[PDB]
Amino acid sequence: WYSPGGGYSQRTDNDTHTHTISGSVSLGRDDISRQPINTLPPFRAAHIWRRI
Amino acid sequence: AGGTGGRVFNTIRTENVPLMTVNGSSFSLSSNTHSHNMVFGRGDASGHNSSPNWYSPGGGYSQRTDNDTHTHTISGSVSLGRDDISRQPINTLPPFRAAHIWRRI
Amino acid sequence: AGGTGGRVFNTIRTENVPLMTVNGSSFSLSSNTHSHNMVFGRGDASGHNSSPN
Numbered sequence: 215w216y217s218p219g220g221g222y223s224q225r226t227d228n229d230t231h232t233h234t235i236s237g238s239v240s241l242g243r244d245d246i247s248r249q250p251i252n253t254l255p256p257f258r259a260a261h262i263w264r265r266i
Numbered sequence: 162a163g164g165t166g167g168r169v170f171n172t173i174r175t176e177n178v179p180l181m182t183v184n185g186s187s188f189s190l191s192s193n194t195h196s197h198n199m200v201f202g203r204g205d206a207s208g209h210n211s212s213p214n215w216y217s218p219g220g221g222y223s224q225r226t227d228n229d230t231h232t233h234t235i236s237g238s239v240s241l242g243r244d245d246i247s248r249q250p251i252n253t254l255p256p257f258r259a260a261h262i263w264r265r266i
Numbered sequence: 162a163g164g165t166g167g168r169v170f171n172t173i174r175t176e177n178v179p180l181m182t183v184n185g186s187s188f189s190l191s192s193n194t195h196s197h198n199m200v201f202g203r204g205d206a207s208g209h210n211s212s213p214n
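Line by line, the protein sequences give chains DR, DS and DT. So that you can map any letter, position 41 of the first sequence is 255 in PDB author numbering, and since no number is skipped, the others follow by simple counting. So that you can map any letter, position 72 of the second sequence is 233 in PDB author numbering, and since no number is skipped, the others follow by simple counting. So that you can map any letter, position 5 of the third sequence is 166 in PDB author numbering, and since no number is skipped, the others follow by simple counting.
Hints were generated in silico from the structure; no laboratory data involved. We put the CB at the ideal spot given by N, CA and C, even for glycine. Fair warning: there could be bad hints in the mix.
What the hints assert, rightly or not - Covered stretches of chain DS (chain DR as the covering partner; in silico rule of three or more C-beta atoms under 8 Å from a C-beta of chain DR): (1) 164 to 176; (2) 180 to 194; (3) 215 to 226; (4) 240 to 249; (5) 255 to 261.
To be verified - Simulated restraints on C-beta separations: (6) DR:221 <-> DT:209: 27 to 35 Å; (7) DS:185 <-> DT:195: 25 to 33 Å; (8) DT:204 <-> DR:243: 41 to 49 Å; (9) DR:247 <-> DS:177: 13 to 21 Å; (10) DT:193 <-> DS:250: 17 to 25 Å; (11) DR:247 <-> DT:210: 39 to 47 Å; (12) DR:221 <-> DS:182: 56 to 64 Å; (13) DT:210 <-> DR:249: 46 to 54 Å; (14) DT:164 <-> DR:249: 34 to 42 Å.
Given the sequences, and given the hints that come with them, work out the whole structure.
Dropping the structure here:
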């Protein structure tokens, strides 16, 4: 509706909306996937265990 | 040096700020044009841009060209969504710098 | 004591399971006026509760 005045006919089937209409949507994102952290080559560097 | 060693000050330890990324995905949202119902009354003031509907009236002389029966549904594609999670806390502050037993036999 | 050290059953170690949340996102969809098809004409039998077209 463009708020046009009916020249001859009566547009009684069109009216403004005052109450919201509930709509159903589909599924969405759930969670992220596995990602790599750190470098295996430099990770877990060996430490000297020699006593004093 | 010491008899017992560990990785606390300088070593490849664990615990850090978690960071991750999510691959781009398409989310579909369907905006149904039905179930809007009817509000207000007729023969009065109506707001602009109002969706026009039909009252199922039998036209005595005129033709109701604004009322029709739907034959096929409308499928729409929604926009993008969230990217990834934010920073999270790792480890417990009161238990921070906890000593680890590493003395040898 | 033991030559090899580890903290599994009971020990003061570090590291835990991180917990995080994603920022709120809203899905926007455009209701296209086309692609709805059409069957029959007007003045005629019409399905109840059908979307006006």
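The hints, checked one at a time:
no.	hint	result
1	164 to 176	holds (count 6)
2	180 to 194	holds (count 12)
3	215 to 226	holds (count 5)
4	240 to 249	holds (count 4)
5	255 to 261	violated (count 0)
6	DR:221 <-> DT:209: 27 to 35 Å	30 Å, holds
7	DS:185 <-> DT:195: 25 to 33 Å	27 Å, holds
8	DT:204 <-> DR:243: 41 to 49 Å	47 Å, holds
9	DR:247 <-> DS:177: 13 to 21 Å	19 Å, holds
10	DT:193 <-> DS:250: 17 to 25 Å	45 Å, violated
11	DR:247 <-> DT:210: 39 to 47 Å	42 Å, holds
12	DR:221 <-> DS:182: 56 to 64 Å	59 Å, holds
13	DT:210 <-> DR:249: 46 to 54 Å	48 Å, holds
14	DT:164 <-> DR:249: 34 to 42 Å	36 Å, holds
Checked against the numbered hints above, the structure breaks hints 5, 10 and satisfies the rest.
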